[PDB]
Each structure stands twice: as C-alpha cells, then as structure tokens.
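All chains should be built: construct the whole structure from the sequences, respecting the hints.
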Amino acid sequence: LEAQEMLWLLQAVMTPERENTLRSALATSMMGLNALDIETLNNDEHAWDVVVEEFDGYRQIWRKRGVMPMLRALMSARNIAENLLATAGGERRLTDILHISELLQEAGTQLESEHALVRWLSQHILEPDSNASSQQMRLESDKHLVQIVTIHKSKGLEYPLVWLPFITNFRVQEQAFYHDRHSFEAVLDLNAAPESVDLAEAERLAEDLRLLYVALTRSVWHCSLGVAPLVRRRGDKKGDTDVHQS
Amino acid sequence: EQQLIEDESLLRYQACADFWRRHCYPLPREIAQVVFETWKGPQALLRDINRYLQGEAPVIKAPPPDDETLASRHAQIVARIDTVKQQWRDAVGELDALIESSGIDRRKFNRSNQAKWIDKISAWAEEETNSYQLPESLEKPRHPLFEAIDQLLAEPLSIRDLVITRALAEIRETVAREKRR
Amino acid sequence: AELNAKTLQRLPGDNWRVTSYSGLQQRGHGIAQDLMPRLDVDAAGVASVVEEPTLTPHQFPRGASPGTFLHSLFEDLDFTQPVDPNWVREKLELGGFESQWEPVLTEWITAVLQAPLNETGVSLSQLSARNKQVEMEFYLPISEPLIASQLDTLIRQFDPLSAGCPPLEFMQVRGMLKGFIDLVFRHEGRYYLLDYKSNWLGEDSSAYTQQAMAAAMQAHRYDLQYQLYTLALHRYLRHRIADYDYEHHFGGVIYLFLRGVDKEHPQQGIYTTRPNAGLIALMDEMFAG
Amino acid sequence: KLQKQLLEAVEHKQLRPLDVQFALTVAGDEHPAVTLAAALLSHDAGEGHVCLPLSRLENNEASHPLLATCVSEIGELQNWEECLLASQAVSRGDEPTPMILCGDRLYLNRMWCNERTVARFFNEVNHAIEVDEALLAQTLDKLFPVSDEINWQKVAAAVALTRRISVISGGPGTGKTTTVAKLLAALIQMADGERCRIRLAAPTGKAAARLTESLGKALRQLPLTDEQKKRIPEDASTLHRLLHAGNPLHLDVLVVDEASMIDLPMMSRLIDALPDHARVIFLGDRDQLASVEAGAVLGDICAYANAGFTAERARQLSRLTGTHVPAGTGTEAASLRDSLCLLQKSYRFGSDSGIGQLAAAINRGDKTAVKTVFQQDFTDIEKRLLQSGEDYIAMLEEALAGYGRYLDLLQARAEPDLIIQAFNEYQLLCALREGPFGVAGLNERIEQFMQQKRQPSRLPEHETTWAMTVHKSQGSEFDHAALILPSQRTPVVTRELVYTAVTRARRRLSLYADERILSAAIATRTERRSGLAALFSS
Amino acid sequence: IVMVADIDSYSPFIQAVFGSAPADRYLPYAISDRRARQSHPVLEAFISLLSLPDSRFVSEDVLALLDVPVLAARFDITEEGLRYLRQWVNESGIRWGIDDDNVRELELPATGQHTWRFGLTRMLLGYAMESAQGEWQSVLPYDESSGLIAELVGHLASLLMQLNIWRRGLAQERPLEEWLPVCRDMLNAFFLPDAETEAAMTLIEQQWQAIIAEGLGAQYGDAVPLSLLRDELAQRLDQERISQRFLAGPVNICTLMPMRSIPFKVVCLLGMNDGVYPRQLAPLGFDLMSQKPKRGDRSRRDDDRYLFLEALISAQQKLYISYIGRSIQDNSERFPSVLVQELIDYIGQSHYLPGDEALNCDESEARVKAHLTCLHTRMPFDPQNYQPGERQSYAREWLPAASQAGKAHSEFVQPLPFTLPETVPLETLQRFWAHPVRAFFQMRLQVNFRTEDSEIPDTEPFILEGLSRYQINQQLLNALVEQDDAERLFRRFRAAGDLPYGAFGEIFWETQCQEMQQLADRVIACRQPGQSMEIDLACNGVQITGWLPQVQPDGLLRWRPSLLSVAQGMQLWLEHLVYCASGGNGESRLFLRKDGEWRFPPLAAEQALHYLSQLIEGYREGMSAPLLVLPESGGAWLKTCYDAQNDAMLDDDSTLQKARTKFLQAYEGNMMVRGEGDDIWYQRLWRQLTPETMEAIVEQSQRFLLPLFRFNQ
DNA sequence: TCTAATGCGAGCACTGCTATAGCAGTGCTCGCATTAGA
Ligand SMILES: [Ca+2]
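Protein chains in written order, with the authors' numbering: chain A, 591 to 836; chain B, 149 to 288, 305 to 345; chain C, 886 to 1174; chain D, 2 to 244, 256 to 466, 523 to 606; chain E, 409 to 1121.
No lab work stands behind these hints, which were simulated from the structure alone. Ideal Cβ placement from N, Cα and C applies to all residues, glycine included. Do not take every clue at face value.
Said to hold, decoys possible - Straight-line distance between alpha carbons at most 27 Å, and here's what the computed BS3-like set of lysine-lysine pairs gives:
1. E:1066 <-> A:827
2. D:207 <-> D:540
3. E:777 <-> E:673
4. E:673 <-> C:1063
5. D:231 <-> D:218
6. D:207 <-> D:218
7. E:1002 <-> B:188
8. B:256 <-> B:209
9. D:540 <-> D:14
10. C:976 <-> C:1148
11. B:268 <-> B:233
12. E:726 <-> C:891
13. C:1017 <-> C:1063
14. E:815 <-> C:891
15. D:218 <-> D:230
16. A:733 <-> E:815
17. E:673 <-> C:891
18. D:465 <-> D:395
19. C:1063 <-> A:654
20. E:1047 <-> B:264
Unchecked claim - Computed spacing ranges between beta-carbons, pair by pair:
21. A:735 <-> E:762: 37 to 43 Å
22. A:735 <-> B:213: 57 to 63 Å
23. B:220 <-> A:801: 43 to 49 Å
24. A:744 <-> B:267: 54 to 60 Å
25. A:721 <-> E:856: 29 to 35 Å
26. E:856 <-> A:642: 41 to 47 Å
Laid out in structure tokens, this is it:
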C-alpha cells in the first residue's frame, strides 16, 4: 500500500505537467491532505501551479542527485516523517517508506532513466516476494511488543512465558509420499494405495510430536497450551474427538 | 567461474511449460481432453509435482514401463472403455425381471445416462453406473453378461502416473541443461 | 522530548579541484573523461546523406570513437619513413572500419605528414623519434582562485583571436590543472605544441581555410587551450632546460584539423599561433601571484 | 526481398518505417511489385490520401514517387491489376484484407470502408415526409420576402427542410449564415408541440467559435419568439462532442459548419454518432482548398451539384419557393443531387469588387482575371506585383511596410497583445513549404531584411510563420494578405489554392506572381484521388 | 579517505546520504574504484545484445531494452510512445519469441501465435483493416494502433527487425578476424550515442579489439563461438576500474587497493566485518606454487591483512573504523573483522581510562574497549542522536520526528459544499452507484488512482480465468442470445491469440459455450425484440438524459455472465426507475450465472419518481462527502435481516449476529475470492474497520439498498 | 468503472417398494477448512 503510493508519487514527480497524475499523488494518504484540501487546490489555479513548481523542483533533484535525495527533500517539505509518526501505526508506514527508498536507490544506479525506475517499481509491485532484501524490516521497539512467532523460527529461541493457543490442530496427510520402513529411502506412490498413505500419515504425527516437543521447550518459567475436543471426521460425534490424531 | 543461480523457481516453471508445450500441444483432441481433465494446464502440473523435482528424486513405487507412450496407455484405456461401450449400445434386453427394494424404477434414470454415455469417447471419465455392474448386481436369479463392468472398475484408468513420471524425469533435465548453458 | 541538533559554524568558502579545460567544455562529458581518459572529447555527433560515391577524408566516420581512432594513428608512427599501406589496412581492420578505406587513408596520412607546419623546414616527416614526445601529461598547480573575469582581461589584451570575447564561461577554481599534449617536437633550437584535431563533417574543403578554422577556433574557445598548453610547455621547458629562455627555444603551437589537408593546397587545414611571451609571463604568475 | 531498397528509402527520408514495415509484413513474400504498392500506399496514406490510384502507379511515377528505381519492375507490367489481385493481401473486397482494389484504386481496407460508409449515408437519405408544402411554402414566403427573382437561400432552406441530410455550399459573399438561421427558425416554427433539439458544431474550435457568435446574432433577430429554446448556443468542435453508434448523440438536428474541413475519417465517425431520426445540415465552401486536399470529402460530395436537381425535385422546389427552379440531365446520383444546393451572391448596385471580382474570376477563367488588374485600378483592395529577378527585394520591402504597424508596436515597446492583433493585419502566404518562395525559405530571406534594418494547433506566434502555406491559413483572415507564387513550375499551385488565398483577405490583397504562373494556376485544378465520384454513379 | 572492502556495494548508499542539506551540512565526495560494468547503463545493455542468439525474447526483456535512452533514441521512440508500445505489446498478445524459427530453434512447437511477429502483425494488420471485418491470415487485427499513432508500430517493428537480423547473424561461429567488426557494427546499429555513452561505447570497442587481437597474435586457427568472446568482454569489463577522480574534488570513497598507500589526515574503514574484510579467494588448487610457499609469494590474505596495517600507519590524525553489528531482520548478532578485534584488543591491553587506575587488567581493558566502541541507533530519528554529546546529529531534518513534534494526519472527510446541476446524465447516476465511495474521489475531486503499467503475462495462455474468462463469456453470451454463430466468434477469439493452443482452446471454448448456453436459454426463452428509448426524465428538480437499450414491451431484459451481486441489483433498479418514470409500464429482469436473477415488478410513474429521487439524493450527498453504503457487505447484512414475509426486518440477537458475520465475510473475503473493503478507495479512508464506522455503513447502506430487497422477485 | 474458489459430504426433503418402518437413492442448500513451515 505504501509502495503503491510511492509509485503514484514518483509518477507525479516525473511529470507534474499532467494535472491528473499529480492530483493522485497529492491524494495519497502518505501526503496527509484533506478532502477539503484537495477540493480547494482544484479551485485555486495559482496555488496549483505552485505545487507544480514544487514538483518540477523535485524532478530536478532526482535527475541530479538521486531518488533518495529527492524523496528526502519532498518529505522535509510536506513534513512527512514527523506527521506520519504521530498518526497511529504511522511508524510501520514510515519505516517501510524509507525502506522502499533504499531499494529504489540501488535499482536507480542500474538504469539511466528516471522512468525506467518508475517502471522498476510497478514490476515489483505486480510480482513480488523475491529476495529477503525486500522483506519487511522490524521496528526497533517491536522488542517491547508481545512476540508472535512460528514453531520453526522458534527453534533456538528462549522466552520467559509462552502461549500455544492452537497446539491441538492436526491435518491428515493425504499424499502418499512415505519413507520405506526398512530401506529408509523415500518412496512416492503414484496410486494413493492406502497402505502407503497410512505410512505417510504416521510419518505425519511422527513430525507433529517433534513440533510439539519444540513448542513446549521454549519457555523458561511457564507455558500454557490450548486444548479442545477437536473433531474433523464428519462422523456424528460417535464418541469421536479424534483428538488422538494430534 | 560459476555464477550462483539464486531463484530456480522460475527456471522450474519455464521448464514445466516447455514440457507441456512439447508434450501436449501436438496431442489429438481425444488424448488432449484426457490430459486436460487431469490437469487444466502446466501451472497445475507443477502444483502436483513441484515438491519432487527438488533435491533427491524420490523412488517411484511401481513406475510405468520405461516406455509406455501417452499414445499407448490411451489405447489400452480407450479400448478397455469401448468394449464395454458396445456391450451396452445393446440395452435392447436390459429391462429385467427379478426385484429388490433399494433398486427402484427411477433406475430408468440411471439407465439412459450411460446409454447416452456413448459419445465418441474423449474422456476416461464415466458417471456412475453402479447398479448395472454385476459385482453388486448380486449384492443387491439376478443378472446377465456385462461382467465386463466388473472388469472396467478394477483397473484405474488414468494417464496420471505415466505423465507425472515423465514430467519430473524431463523437467529435471530441462532445468539442468539450462543451468549448464 | 528535550532535544536539539548540532549546527555547524564552519562555512563552505573555497573549493579545491583538479580541472583541465573543462572549465570550458560544458558537461555531457560527465563520466566521459572518466571512462576513457583520452577519448577525442573534442568531437561529437552523427553523420548522414553526405555519402557521395568517392571516398574523401571528409566522409570518414564522424565523432569520438573514430576521432580517437585517428589520434591513435599518430601516436606511434615513423613520421620518418613512408606509410605502409598493409599497416593501415590492419589499423582500420582492427579498429573495426572497412578495409576499403586504406586507399583514401594512407593517402591522407602522408599528405598530413608531408605538410609545411611553419614553412621553415617543418613537416612532421622530418621529425625522428629523439625529437618528438607524444602525449605528454602536465599538472599545473593553480593557487589563488582563477577568476574567469580576471583571466578574460589579459587574454583579450594579448590575443587578437580571443578578442572574440564571449569567455569567462567558467567559475572560480583553486586546485590543479591536468592536460594532455598530442605532440611536442623540436626543430633544432625551438620546441613546438601540436594538436591533431579530427573534427566535424562540414561538407568539403570550403570549411578548412584560415578563417573558418580561426572561426571554429572561437566556437570551441580552443584559443584557451593554446595559452594553457603553452603555459605548460613553457613551465616544463623552463624546468628541464637549465637556463632556457621563452623566446630562444619556444615558437610553437600548430593545429592540424586532420581533414581539409591536401598534398598541394598549403595553409588549408593547418593553423599556427605563437602566444605573446608577454602573455605567458603574466599568465604564469597569474597562477601563483 | 526489396528490403535493401526500401530500408534505404528510409535512410533517404522518402518514406517512413511504418510504410516499409507494413509493406514487409503484409507482402514481403510476394512479387516485389505488390510489396512496393503497399509501401507507397501506406505512404500516400500518411499524407492524408485515402487511396492510391493505379494510375499514379502505371508508368507516370517514372517521373513521380522517387522509387521509379528498379531491377524488379518488370516492364510497365500493365497487369498491375492482375499482379495485385493475385497477391492475397489485396482482394476485390470479398475476403477480409489489408488492402482493397476497387475502381483502379488501391486502398487500405480501413479507408475503403470509410469511403463506402460515406457513400451509403448520402444514398440512404430519406424524404422528410414533413410536407404540407402548402404550410412550408407559407413559412418560407414569410421568412424570405425578396423571392421575386429566384432566391437561392430560399431554395437551400426548402431543400434542407425536406431532407434528412443536406449540404449547403457557398462562397464567403453569401448569406450561408443567415440562411441556416431562417432555415432553423422554420424548423422550430413547424414543430407542432415539441422535441427538436438543435446542436451546432464545427470541426475546429476556432470555427465553432464563430458559428455561435453569428448563428446567434443573426438568429435572435428574425420574427420568432414562440419560446426560443434555440440552437443550444453551445457549439463544440466536432472532435469534442463525440468520443458514438451504440450511444448516438442526443439531438434531432445537427448543424455542422466549415464542413469543408471534415476529413474522410471525421465523417464516418460523425456519421456513426448519428441516430437514424436526426437531421444533419452541413455548411461549407466547395471550392476552398480544404475541400480538395488529401482526405477531404466536401469537394467530391458537392461535385454532383453541377448536375442540378432531378426534374421532380426541381418541380417540388419551385412549388415550395415561389419561383421556377431549373433541373436537367436525367437522374444519375439522384439521392445526392436532390439534397445539395449551392448559394450565389445576390443583387445590389455598384460592386463587391476588389477581392470580390478577382475571387469569382479565379473560380474559372483567364480573360476575366487579367481584366481586373487593368480595370478601375482597384488601388486599395488588389495590388498585383511583378516578382522575378531582383524585384524579389522589391517585395521584401512592401512586406516590411505591410507589417508596419506590428514592427512599430514592437519598437514602441507597447508590449501588450496589440502586437497579436497587429500581426493578423498583414500576412504572407505561399504554396510551398521549403524554398526561395515557400515558408522555410521566405522566413529567412525576410528575417534578414529586418535585422539589417530592424491548445490544439495553428494558433500564432512565430512558429517562424511571418509567412504561411496557403494551406495552414485555412479558417483565418487578415486585412492585408500577400500571396507569393513560385518563380516558375509546381502542380502544388492550383486554382483552389489561389482561390482560398484571396479569400483570406478582408481589405488589401497583394499577389506577387507572373501572368504565366497565375494564369497557369487559374487553369490547373488540384488532382483528385478517390472513388466517391464513382461510388455515386453506380 | 573512506575505504570499504567492496566499493561497488556501498556506492548506492554513499550517493544517497551525501545527497543532503545543501547549505551547512554539505561536503563533496567522489567514488573511486567502481567497476565499469556495474557502473554504466549501456555496458550491460550491450552484453545483453551479444546474446540475441540464445534469447527466448520474452516481452518484458525486449521492452526493457527500450529503457536504455540511447537505444530508444536510435529508433525514434520517446518515453511518450514507449507508453503506448508497452500497452499494445501487452494487448496484441506478445509474450515470448521473435520468430517461429526462434521457437523452433528452441525445440518447441511453433504455434504461430504469441511471438513478436504475431503481435506486430496484428498491429500492422490493424493499421489498415479494422478489428471487425474479420481475421486475415489466421490473425485478427488489433486496432489500438490505427491512426497517426500507428506511426509508432513502425518504429517498434523496425527495432524488432534489427534484433532478428542480428540474432541470426551472431548465430554462427566465425574465424577470429571475422568478429573484428561486429562490435563497432552492433553499436552503431542499436545505439545513437549520447556524449557520455560515446566514452562508454569506445570502451567496448577497445576491450573487444584487444581481445580478438590477442587471439590473432597467438594465431588461433579454429573458428570461435560468440559466447567465448562475449564472456571475455564481460569479465574484462568487470575488472576495468574507474578511479579518475581519486584526488581532486575531495573525500575519497573507494576500496583498499594494494600498492596505493597514501598519508591522509583522516582514514575510515567501513563494514570491516568478519567474512567481509580480509577478502578471500582460494588459489586454483592445482597451483604448485601455493602449496610449497617461498618468501616472495603473494596471496590476497596477506595483501589484504597488510593493507589494514598500511591504513593504521598512514592515518596522520584520526582513524575511523566501522562495521555492521547485526542484520536488521533476524536481528541476530554480527561480528567484526578479526583484524579489527586485534586492533581494539591491543588498545585495551595497553591503556586505561583516568578514572580506573587501580582496578584490574581485564577490568580496565573492557572499559577502554566499551569507551571507544560506540553502538549506533537503528533509525536516524531515534532521540539518542539528538541528545547532547558524542555525535549528536548535524541533521536537523530529523529533529521534529525525534522530538515527536509532529501533527497526526487530520481525518480525511470534511463535508464539501455542493450544488446539484439540474440535469445529470443517466450514466453519472450509473457510475455513481455501483461503488459510491470511489465516485466521491473520481467525480467530486477528480482523483483517480491510475497505476501506469500492468503485469504482462510471462507466457501464452493455458488457462482462462478472471477478467478474461469474463470478457470472453461476455460475447459468447451475446452471441448465443442473439442466436448468432458461436463458431464465428470462436475463430476470431482464436485469431486474437486469446485461447489456449489447439484442442486445449477448443475444449475450453466448448465448455464456456455450455454454461453460457444454459444462461442464453433463460434469456432466449423470454426475449421480445424491441428498441432503444431515449431518456429525458424530469425528476426532483433535475433532468436525466441517456439511452435505455433493448426496451421490450414487457419491460427491460438484462443479462451478464457474472454471479449475482447487490451492486448489480442496484444497477438494474436504477435502470428500472428511470424507464418506469419515462412512462412505460412493465417489468425488468437481470439473468445472471448459476441462475441468479434480479426481477423487478412494474412501478407507477409516481412512485418510480419518489424512488429515483432517494437515488439522486444519494448522488447529491455523496458528492459532498463519501456516502458509505458498501453494496456487497451492506446488502449482505441487509439480506440476512430482511424477510419477505411481512417485510420482516429482524432484530433478534440470534440474527443481528449472523448479520454482522455475513457483512464481514463480505467486507474482507476469503483467501480466494477477495473482499469488498480491500480496495484503494475504501483503504484511503480507513486502514482498519472500526466498529463505529461499520455502523455508519450498515445504517447508511440500509437506507439506500432496502428498496432493492423490498421489491425483488 | 468488468470477475471473484472448489469440493466434500452432510443435512432435510421426498419417493419407490415391500417383509408403518427401515434401506436406498434422487437432488438442491450450505457450512467448512483449505495454505503452512525457511
Ligand atoms: Ca587533439
């Protein structure tokens, strides 16, 4: 969402000429304008060409010193960082915006056009999750927030108190990929022959037990897990509670 | 002087489409439709095999004979299918005597269905003709000579293991060759 | 929030730099002078429907890539002996030009070798190795900012050329002054400054006559180059030749616009000047004060 | 194959990448002959020419389009028609095809489709059944008084009010304005109850402008006050008001002015935006250059005016107005003829002289034109001058004196925009784009005399105008207009050209030419590509 | 002087941060030692062209080429036109390869579709002949390139011709001397040199020349393949280092170079991390010299460790050392370069701070280490940098933030005055409903969040989903209701390259047909062919003008190949009110997929106006401030509460809850279909749904959506 | 202004039969969990 806005903003900068593409950038929540604001700037043609100059000014910095330097100029003007941080969840947004600019800046040193970069943004916005480098940075302070992590990222980690709200869930293995009990090699049965799915399923809680063991083990003083008379079989509560499958 | 490839997810996908292209496009409607019913397109193939293709290839319990072509299996299947499509284009007689409760006369519903399941094939699929078999015919004097249905519902009838096996063997080396080049 | 930020009380003031007759030549050369230190920076452009079916040196590929190809030619030659044409087909073949240029080029090189730069003997062809120094590189410290204005006044006074006064197009610079001299050779007492200039595709002959040249000279304010270059040669000679005098050893500055050079139409293609000796004086001390 | 030659032709700027890439992909693997045609077709196409006459392609271009160069041009090939039609990127019009060979004309399918669409429009107009000639006649007798001696404006109105689509062509000296005005007062007057929305429109906004400031003026007058929910006095450029079939416009009657500027595409596009129940009245100048240059249609539509009305139509008009109206010449193209009508100047004493007589003269013969220089020494209005030799410098002078006012407002620093209204007081016009004559060349050769002394489009301010092509001046006017014809040559200088030039002047008008070029012009008449002519004779 | 192990990777950042407060805070810098390749557009651009022969020509890759100005300039394409080409390429169907030869050469079945030639054909074809008219050589024309703009298709096509001419020419091996001129030819063929690139261009020719010359020297007989040369150029271009500003316009940033130890008052080392600084690379291993070493021998390890010494030795005033203390993700701890460890370990063990004079070896040593190490803050706006002392920042720019001196974003919506212009097109009462909030943005304050580009399929189509399946169904439908020939439509679609290849395309087609037929029949079964009807309704002090298509003497008969939805209901209701007020007395049906159906009873022209007025009321309020009313969620809640029996608006707690659920199921969808509120328009008013505004929506969207439910079927 | 996931059984409703109730099977409506993890 902050990326989308940066994309509008850049378009705006690369051509404040086009009345419409600028109005969109001024409208992004990042810039903090008002419905009353947007309206009045639409009726005051002298004020608009002022914002247009302001924006022609940014393109110039962009062209000479870089995207980051331009963006920092913009921000100091519309006093963005200061305001954003004041606005609830506004830290998340602000540090993401800076992060985008750090990426935006490398990508620029491998393109000799501003427009190319813009194009570079669109692409990354349409087909993401590439590197660990475009992953979200965690804020310094997340350190004083209750931390919610996965069993896997928790291997290694230690915590004073831990909660296991959904430690009873299962999910039956249905794919017949199992390890041969004697040769210990992996076998893919391309016909879901029940004997193999059965062997696969065993290997499934054989794994959840390991997960449970990692789960109980992270705490120092205390741990509490949630338990429920869980059932999945659509067999009408026949003394079921296939809780014994977790 | 090697270059550490980083992705491989796109390399894999592309190999997978190349696979589909060279193994499906050239296919004639009867086989094509069959494949199509197993996977609508290469994205769906990968979805079913992507795990494998990565790291040590698992052993396949019971692989297909190191040569069955799509073409062959298809034959065998079609042929197993039509011989029973003939011994039914003769529902002249099926209009039988001796009863049971479950089996209703809204069986004339069940009937025509398969009577009309006499298209020019193109699908290994076949809506339910449970009743008119012979294995349960007895399980529900009773039935005649369409014990060829006991036989059609025994053998799996699918192109799946065959195509799959071929894909990973091939998709792997596509990836490989590409990475060398 | 009891905060505030350190503000510095020092100030910008002066800037020390290393410039080089770039104080002149506006950018575009950004990273140009950087990637290829010796690119024929003086050229630039495309070439069109001037193909006329009979190769003349005016139809030789225009611009810098080709331009510096030429300079290359004259970097290591045997001005002395005659021009092998094989050698030339190889230069053209290696530099990626069509072989079929050899006839026009070899005929072009000699013409330009056997021309009379300063009438009295002269002619590059009479210069053995021991009397040439190719691509010399100088560094002139320039203290006391060099104000574009203050340099304009005296450049005007002593030079009839720089009387075409638009100058002072650069801004204050203390620092150093880099520079390459295409060729410096001697003719028994008397050192010279040569500058090969492959340049522009201005149709034909009509563009390489004593005015037109003198013209282009001002367009690119090359006049600045002379004066700078000779202040260099001056200083250098003065430093090398123990007890040297500017007017008993100098008398140089030749400017070969490589094109516009025929075996028999002298004073066409070549340009000569001999800085005031009173200019160099002031100029030299205009650096140090 | 031809690849090299074509691609080369591009190096030589004699046709664009689009033309050769079009040529290559569509033919390319056919007889180079068809390959060439496509290149050139797309090329004339680029110049606004709707089609490419097999003729401009059979031996004549051996002295026309510079690609008369060939090893592949096997003879005059004559069977050009055959070679083409064999290649199958050309069809007679059956198969869906990039190109169409209809007539001995080669077309880019789009064009040929666009033409036919226009033919169909004018051979499908039906009759406004809204008769009761008795009543129409009365409302017209009441709107046109001086109908004693055939009133052509009265006819125009009657034509137009009895037809769905109608064209009124007229010179500047006519009440085309005032005719469309009574024309509508009568449409309004005859609308029993209601539902008659009249929207105006011109192709260029500068035109749309005038439509209103004159279609209103002349309209608020005339005896009509039965509630004036007039012509919705909002014009709109034609290329505004649309942007279509499948969403027809909201109106009953559309009045397009400056119709001479509508081009083939613009027509077919407007046509589609038109709901079957609407009435279109086009107004324009049939012999204005815009009606004859590449891509125009007015000229060809109004061609059949000279054919007069069928007899039955004539009889009806004469019944409608109180005057006998001529007819003649069977009924070929009856549907078109019967709904066209060109105006003529009317009766008064004295003259219309100066610009007047010359203009009329120009729309025809020599003897007429030569005898207006001699005659009365019209001193102000006309001002022929002998340009040849060094009298070119004579002109440069009466040229700086013409721009007099302008140059002084400059000097006298009166920097407002009277500098703007000063420039549209004098204006040089020339047939050519480049040259000693023509624009490019004239601006320089003039800037020199003046140093050595001292939105959409076509809006002035030195686009280094000073001089313009008679072409770009279309839809403009100046007090003193000077025209400069080449020294001796070109087919670009035609009768229409000269006509529209003269008609650019409101007072003085100089014509720096030679009684050879001028008279040669008067006799030549802009070539006319197209199939409309024939699409109208069946 | 500032040195880093890899100046190439610090470059971006150096440049960024030294783009700062113009006056005061500014100090000059030049980066040296960067790799020509990594630091110049065209070089890669050129290595890229040297691979034409091995390319699959994927769309984005060709288009990328046009992002290199000099190349784009060579074929007369401006950023302006590039925008169109980009759109056309996407729409015409281009995805993969250049030729059919190309595809074939990849041992892939030539399909004739989806290659550049195909799309380029569609556009040239579309230049002449328009889309309708039909398919030509199994190709349907694409008509976006039709006017003057077609001129672009030309330039583009010319560019693709050139590329093909070269992919084939670079194809086959050549004898060394033959490769000689290719480089200088490809340059002039694809780049129109700048003034900068002129230098860069010359650099290629040199390397390329020297490479070949060197081969010729050794008199290499055999022929050589392009890869051999392209790879050597690449390498040579990556070892060429640019460091021409190494000592003028001050503050030198570069890597530590061997044999270049110069005295500097200030010397700083960055990213001196374990694994990063002493730089590595193991000898070939079949390097005899490396296993039996001798005094002269050299190695990077030694050179590099000796450079860290030369650093210490050359700093005359201050030595600055820096490293990264921990990745900003897994927040795991970093480690400095053993070389830096050694440096503070030997400091600590030989110094003590004035205070601690009598405490301990180990004790005093730690304090000195702790005193010289200065942990820095994650963000530049953390307050600690703006307190007083050790490096307070000179960057006022972040002061406000640091001091929480900002002003929270003011609540967006502030009622705008609005006066309703008697007469609004039907279309504007249409565009307004069917997503009103969006409307306030688009209509009231002309803000449309248009995003420039759009994903170009990385491949031809194998499957038909979303928007496409819709656009195809749209016509298949109209063609079956029109009882027209589907077969004709199928060939056009196949002709545009919209279906998946062969049998697969047919199969896909055959099935849309089936579902589509099944709808077409419910329509066919009750269509009474009528005509347009013009609109000029006087209603509540405003006229309404527009067209109502296909008006049957029964009423309006509508249809869409889409599932049933509230926004589509409202759509037909608007149309109904309008036609019923226009007089016409009759019904109006909307037949949807899976048998959906919104059916409206005839309405008195009097009550029709009353209803068509709240609708206009809405449009009026909704032009002053975003009028809530989320058709999907609102009508979801609204559907569970409202009952046909007695028009029962339920209030029992059992239902007011199932309601609040459905609304939410609708507001934020599944993991597949996905939610109303996930929409820039709403997202711009609130990022999370608060229980207060959920209310405003319910009430508000009840007020305008009710009649829909009080009148269906 | 565009579209908006399948699929699996249940769940309840209803409809033949045949040794009023249980066994079965036809058919539309609907709620439910789906992914994972580096
Ligand atoms: Ca030189």
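Evaluation of the provided hints:
no.	hint	verdict
1	E:1066 <-> A:827	holds (25 Å)
2	D:207 <-> D:540	holds (13 Å)
3	E:777 <-> E:673	holds (23 Å)
4	E:673 <-> C:1063	holds (24 Å)
5	D:231 <-> D:218	holds (12 Å)
6	D:207 <-> D:218	holds (17 Å)
7	E:1002 <-> B:188	holds (22 Å)
8	B:256 <-> B:209	violated (43 Å)
9	D:540 <-> D:14	holds (23 Å)
10	C:976 <-> C:1148	holds (22 Å)
11	B:268 <-> B:233	holds (10 Å)
12	E:726 <-> C:891	holds (21 Å)
13	C:1017 <-> C:1063	holds (21 Å)
14	E:815 <-> C:891	holds (24 Å)
15	D:218 <-> D:230	holds (15 Å)
16	A:733 <-> E:815	holds (26 Å)
17	E:673 <-> C:891	holds (23 Å)
18	D:465 <-> D:395	holds (25 Å)
19	C:1063 <-> A:654	holds (25 Å)
20	E:1047 <-> B:264	violated (42 Å)
21	A:735 <-> E:762: 37 to 43 Å	holds (42 Å)
22	A:735 <-> B:213: 57 to 63 Å	holds (60 Å)
23	B:220 <-> A:801: 43 to 49 Å	holds (45 Å)
24	A:744 <-> B:267: 54 to 60 Å	holds (57 Å)
25	A:721 <-> E:856: 29 to 35 Å	holds (32 Å)
26	E:856 <-> A:642: 41 to 47 Å	violated (18 Å)
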